[PDB]
Amino acid sequence: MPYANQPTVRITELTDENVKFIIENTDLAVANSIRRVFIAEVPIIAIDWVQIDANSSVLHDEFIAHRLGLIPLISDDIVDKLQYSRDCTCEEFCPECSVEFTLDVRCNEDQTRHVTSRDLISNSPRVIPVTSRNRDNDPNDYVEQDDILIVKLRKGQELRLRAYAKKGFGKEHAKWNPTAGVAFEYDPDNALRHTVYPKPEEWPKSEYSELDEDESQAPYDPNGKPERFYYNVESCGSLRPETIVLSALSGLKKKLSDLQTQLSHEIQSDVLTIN
Amino acid sequence: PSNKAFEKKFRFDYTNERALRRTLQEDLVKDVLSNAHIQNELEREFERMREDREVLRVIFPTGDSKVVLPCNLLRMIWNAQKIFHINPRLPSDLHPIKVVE
Amino acid sequence: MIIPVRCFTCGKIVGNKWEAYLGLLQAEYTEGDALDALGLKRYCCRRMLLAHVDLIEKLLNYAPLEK
Amino acid sequence: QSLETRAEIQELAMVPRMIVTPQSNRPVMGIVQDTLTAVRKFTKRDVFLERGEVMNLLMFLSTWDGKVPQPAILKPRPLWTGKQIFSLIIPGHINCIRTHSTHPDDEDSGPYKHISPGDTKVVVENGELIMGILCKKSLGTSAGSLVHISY
Amino acid sequence: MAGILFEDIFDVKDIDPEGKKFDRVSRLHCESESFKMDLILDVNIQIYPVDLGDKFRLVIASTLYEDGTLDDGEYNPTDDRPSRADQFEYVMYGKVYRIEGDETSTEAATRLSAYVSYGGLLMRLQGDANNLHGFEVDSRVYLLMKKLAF
Amino acid sequence: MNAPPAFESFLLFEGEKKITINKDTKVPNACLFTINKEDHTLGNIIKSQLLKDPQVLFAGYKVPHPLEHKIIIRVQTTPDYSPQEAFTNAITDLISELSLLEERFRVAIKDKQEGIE
Ligand SMILES: [Zn+2]
Ligand SMILES: [Zn+2]
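The listed protein sequences derive, respectively, from chains E, S, C, A, B and Y.
Quick note on numbering: the UniProt record's numbering labels position 26 of the first sequence as 26, and the sequence is numbered without any gaps.
Convert by adding 910 to the 1-based position in the second sequence; the result is the number in the UniProt record's numbering.
Quick note on numbering: the UniProt record's numbering labels position 34 of the third sequence as 34, and the sequence is numbered without any gaps.
Convert by adding 506 to the 1-based position in the fourth sequence; the result is the number in the UniProt record's numbering.
Quick note on numbering: the UniProt record's numbering labels position 109 of the fifth sequence as 109, and the sequence is numbered without any gaps.
Quick note on numbering: the UniProt record's numbering labels position 65 of the sixth sequence as 65, and the sequence is numbered without any gaps.
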């Protein structure tokens, strides 16, 4: 339609972790809905079935199962071709809808052993390993760098289990969050008066509020509308930041186009003559 | 309070003070100013009001006007005025005897 | 009982930063600087680690991990 | 466990009939807590709403007429005052002056100080809130609250 | 153009009486150039920054389209009829709820005061030759402020 | 265990339609859409695209209850244009802005940034 503006983007900054950008000339409802997709709708792989062969550790089993689900997983190369479990024709699991992990550790040593993310092995090809320590010429590598201490073991304890990771999205459980956090900010100088400051001098100025380097603090304009939203998406590490954004928009496109097909389905099946 | 004040606010005068009497407020009632019977019946009404005022002073010696009663007649008059679109500056259209009976 | 994978409030993974922290405190008495080097910016992620108590260490010491 | 006791309950002890208690002919139940604070804050006549939010509030209302009211400010841009949207919520056309006794003004001699409307005192007419701010004395378990008159 | 009930250019005596105030509303105290009328009016100071010392032109009408009823109003953005008092800078819609004047003795009906309510924002006007246009019923009044003169 | 299975928050049931349209009994050219298993994310944005259109007289949505996944969208248009077509255009236009946003973001990434992969 003629009244659609088609927005604008600017990437301010990009790292292996963060992606920080500005969206301009669009609606808040778009900005807010797109921020919500970054959390909930972007799909990923995380452990979903844990089968415990032997567990002599001082942590109870369901605790091991909890810590273990929550650990992060690379998915970028494979999260797309993977299908959803319920949709897949197979009974239980298969190579085509899930990937398998195996963990086997025993404390035969006199010193306390730690159980870590590297000790967890993918029966699936090393296309989808755990996040830490793989093709890592990584300056983030410090001391142990176990990514997670699944448990500690004293001389005699042992741990054997199987796990099946599956594709799903954050609306269903928090283990599937593809974000470390999501900053969102709009109209930093409070031109539009969406908040009303009592004694405005008592508030600090963000890094976006510099435009009024002065201390005049918030010049008013009532003919304005919300424009130019600032973002900073931050990667949990399990999916690189730009891929989070591109997959979010596509998923949102997929969800919208589908609602259009059902709305079409109303005009095709049960001919739209009710109203 | 004040017997004189009660008399002033409640009594329907007939001597008609030169204030467009009979044609101010009321409409055709200027035509029933010559009625003897209507004068005696309202004068009878005012006679009941002095006697009621006397009994009511015996019932509530303390002098409180707050009593529990049904309907709330005053709010109803307001509901009545508001709906029929009654303009209080426009002249009346009501016969006093219709009211008393 | 051992530091949780991912901070409650937001999600930033945090168990990985525990072993690193005991090393920094041994080196320096700068809890401010220690938390900073680990990258724990915002304080929700910071309370997580700053307020943890590693009970596991006393717990492991019983001889019978066998029952 | 039968239609017979279900009939008896529906007619005698059903909640909506239990509003005004025969103990002291007043509301047993009124608008309480946050909503009560939120009503005061909403009815202050410095509150203005733009087309987008008014429609959403209209949307949450049940027995809405279906017609959208004309905003109390036409230009430069349409705005509805808070009293105006509260006034769709009042059923039919009940009436009551006062029924505020809010801290406001100058008890005993301020209203006589010519009625510079002072906005404090609440007046509703023909089912529309004309002026004032709603509080526990207007909305609460009061003898003359909006809620009592509505019943 | 709408039929005109009242029309005059007013000058502002004060913008903050007693001082109790609020914010995003201001109470004007005014005086008419015909000096036979007085006025009090609340205005949205946030979007229409008025100031003391300058004469503002105000008009009041009960209609917009030609000279007839229209209070059915879903204000309806789609109307394009140039009947509108649209060249005016500030417009408010409301009803008149109360009117007052000496009404007891001989003649009485001396001058007149009218009370109006624009959605909770109040107005008070005093007059005499404006008696044909005042009510304590009938909604549909529009308050137009324009030009702010020179 | 009186808690519902988490998938039910978003998974469509085989005995329920994705969208339903019912006519208003009060005023003409109004319509009521029921969207099942879809929260504020879809609803808030479709409300805004409808408000963006200049021929929409009224647009709004309400999610009747937190615990029940369902939203309703009511729309009212001028006595000339049908509310269904406005809804069709509202998504299609929204599809167009988001596609252009995805295009513009991707090309923006195509800037000589060296950590794109
Ligand atoms: Zn399968
Ligand atoms: Zn955190």
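It is worth saying that the hints were derived from the structure and are not from the lab.
Be a bit skeptical, because a hint or two may be false.
Capping the alpha-carbon separation at 27 Å, the derived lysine-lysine pairs in DSS-like fashion look like this [as the list claims (entries may be wrong)]:
hint	chain 1	residue 1	chain 2	residue 2
1	C	58	E	155
2	B	147	B	36
3	Y	26	E	255
4	A	627	S	992
5	E	155	Y	52
6	C	41	E	205
7	S	976	A	643
8	E	253	E	225
9	A	581	B	146
10	A	619	B	146
11	B	55	A	642
12	E	81	E	253
13	A	581	A	619
14	B	36	A	619
15	Y	70	Y	52
16	Y	112	E	255
17	E	225	Y	62
18	E	81	E	225
19	A	550	A	643
20	Y	110	A	573
21	Y	70	E	81
22	B	55	A	581
Verification of the hints:
1. 58/C - 155/E: holds (15 Å)
2. 147/B - 36/B: holds (22 Å)
3. 26/Y - 255/E: Given that 27 Å is the threshold and the Cα spacing comes to 32 Å, the pair is violated.
4. 627/A - 992/S: holds (20 Å)
5. 155/E - 52/Y: Violated. Residue 155/E to residue 52/Y sits at ~68 Å, over the 27 Å cutoff.
6. 41/C - 205/E: Since the Cα atoms of residue 41/C and residue 205/E sit roughly 19 Å apart, the hinted pair holds (cutoff 27 Å).
7. 976/S - 643/A: holds (19 Å)
8. 253/E - 225/E: With a Cα-Cα distance of about 26 Å, the restraint between residue 253/E and residue 225/E holds, given a limit of 27 Å.
9. 581/A - 146/B: holds (11 Å)
10. 619/A - 146/B: Violated, at roughly 32 Å.
11. 55/B - 642/A: violated (42 Å)
12. 81/E - 253/E: Status holds; Cα separation ~18 Å.
13. 581/A - 619/A: violated (34 Å)
14. 36/B - 619/A: The given pair, whose Cα atoms are some 23 Å apart, holds under the 27 Å limit.
15. 70/Y - 52/Y: holds (24 Å)
16. 112/Y - 255/E: With Cα atoms ~32 Å apart, residue 112/Y and residue 255/E exceed 27 Å; violated.
17. 225/E - 62/Y: Given that 27 Å is the threshold and the Cα spacing comes to 24 Å, the pair holds.
18. 81/E - 225/E: Distance ~42 Å between residue 81/E and residue 225/E Cα, so the pair is violated.
19. 550/A - 643/A: It holds: about 16 Å lies between the C-alpha atoms, which stays within 27 Å.
20. 110/Y - 573/A: violated (51 Å)
21. 70/Y - 81/E: violated (30 Å)
22. 55/B - 581/A: Cα-Cα ~20 Å, so holds.
Figure legend: structure checked against the earlier numbered hints; hints not met, in rising order: 3, 5, 10, 11, 13, 16, 18, 20 and 21.
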